[PDB]
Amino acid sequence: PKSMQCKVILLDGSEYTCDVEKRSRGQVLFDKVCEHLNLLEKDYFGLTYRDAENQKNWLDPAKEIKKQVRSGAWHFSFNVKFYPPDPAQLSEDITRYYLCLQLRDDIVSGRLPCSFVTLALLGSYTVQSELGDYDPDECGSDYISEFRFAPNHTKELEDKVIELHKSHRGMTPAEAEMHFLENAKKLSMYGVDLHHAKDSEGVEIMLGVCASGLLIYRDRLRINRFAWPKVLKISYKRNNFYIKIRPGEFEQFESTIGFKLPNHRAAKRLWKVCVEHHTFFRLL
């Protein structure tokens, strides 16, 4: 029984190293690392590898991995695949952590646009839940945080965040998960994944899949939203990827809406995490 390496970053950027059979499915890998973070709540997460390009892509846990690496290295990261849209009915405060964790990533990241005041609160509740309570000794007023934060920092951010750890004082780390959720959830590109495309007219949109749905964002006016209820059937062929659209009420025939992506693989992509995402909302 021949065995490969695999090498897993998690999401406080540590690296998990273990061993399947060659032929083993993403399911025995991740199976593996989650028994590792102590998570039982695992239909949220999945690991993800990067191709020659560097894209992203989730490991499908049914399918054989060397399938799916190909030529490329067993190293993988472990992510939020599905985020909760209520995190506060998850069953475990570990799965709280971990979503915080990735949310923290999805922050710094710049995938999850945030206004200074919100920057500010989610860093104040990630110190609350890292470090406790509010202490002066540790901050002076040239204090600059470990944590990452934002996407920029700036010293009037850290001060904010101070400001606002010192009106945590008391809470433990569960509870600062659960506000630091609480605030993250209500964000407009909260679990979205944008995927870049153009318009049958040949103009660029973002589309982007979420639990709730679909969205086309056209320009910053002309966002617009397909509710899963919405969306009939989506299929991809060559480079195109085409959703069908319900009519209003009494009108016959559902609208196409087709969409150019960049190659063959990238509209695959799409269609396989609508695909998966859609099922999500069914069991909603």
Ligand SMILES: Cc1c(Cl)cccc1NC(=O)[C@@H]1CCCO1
The other form holds:
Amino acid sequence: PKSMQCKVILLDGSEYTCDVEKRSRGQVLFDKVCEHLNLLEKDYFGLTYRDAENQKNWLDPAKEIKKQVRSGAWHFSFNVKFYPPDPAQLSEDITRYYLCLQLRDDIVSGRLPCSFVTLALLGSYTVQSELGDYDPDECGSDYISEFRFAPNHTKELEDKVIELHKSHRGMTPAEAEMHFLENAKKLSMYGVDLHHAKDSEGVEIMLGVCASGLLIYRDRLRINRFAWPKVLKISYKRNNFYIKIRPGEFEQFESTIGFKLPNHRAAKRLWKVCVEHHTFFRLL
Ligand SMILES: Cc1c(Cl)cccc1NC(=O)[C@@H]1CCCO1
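Could you give the coordinates for the form solved in complex with the named molecule, as opposed to the form deposited without the named molecule above?
Zooming out: every chain and molecule, the one shown earlier first.
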């Protein structure tokens, strides 16, 4: 049995190294990572890898790792794949814990835009979770938390995190993680996987995939949303991604909206994440 060294960036930024037989399917590595993390609610999570075009791909647990990573390194990230619309219903605190680590990265990276006040509030909950109750001994007027809270840090933001931290006295890590998630779940880009595309006129858009449906971001005005119940079916062919939308009652025929993706692999990738979200959130 020939075994391959696997490296996995965990959500705390640490690197986990393990081995799998070279012929292993993605599920084998995923199960090893989840056992290491003491994670039982595995369905929300997955491993990503970077293809030869440097695009993020989900490692398919059903297929050989080698037939996915192909010419690239056996280097992976552990990530939230399906963001729960209601994290309060997750059965385990440890699940909510990893969801918080993913969301913190979503915020710092800028993938999850956030108001000044909401950056401070989320930050205050993270601090309550990681440090416990406010202590003025590790917070002079000039205090600068080691915690990354935002894509751009200001002293005003650092001061607001501290002021809000003061109000959370007695709050346990589990409680602060729950408060974190009840706020984060309401942000407009929460759980939205964005894909660059052009519409049929060739205009640059973004297609969002999430629990509630598809979003077409033309700009900020007339965002255009298709709830899963409105979507009749989905397909790719070559560079193209097609969405069939139900007719209104007594409208006779479904409509087709077509998009141009950068390449065929981008079209398939989008198709696949749409199918996966549709199955997951039709059921959940
Ligand atoms: C996968 C899917 C999503 Cl994502 C959303 C709505 C419908 C479907 N189904 C299909 O596209 C086809 C046609 C019937 C069976 O599969």
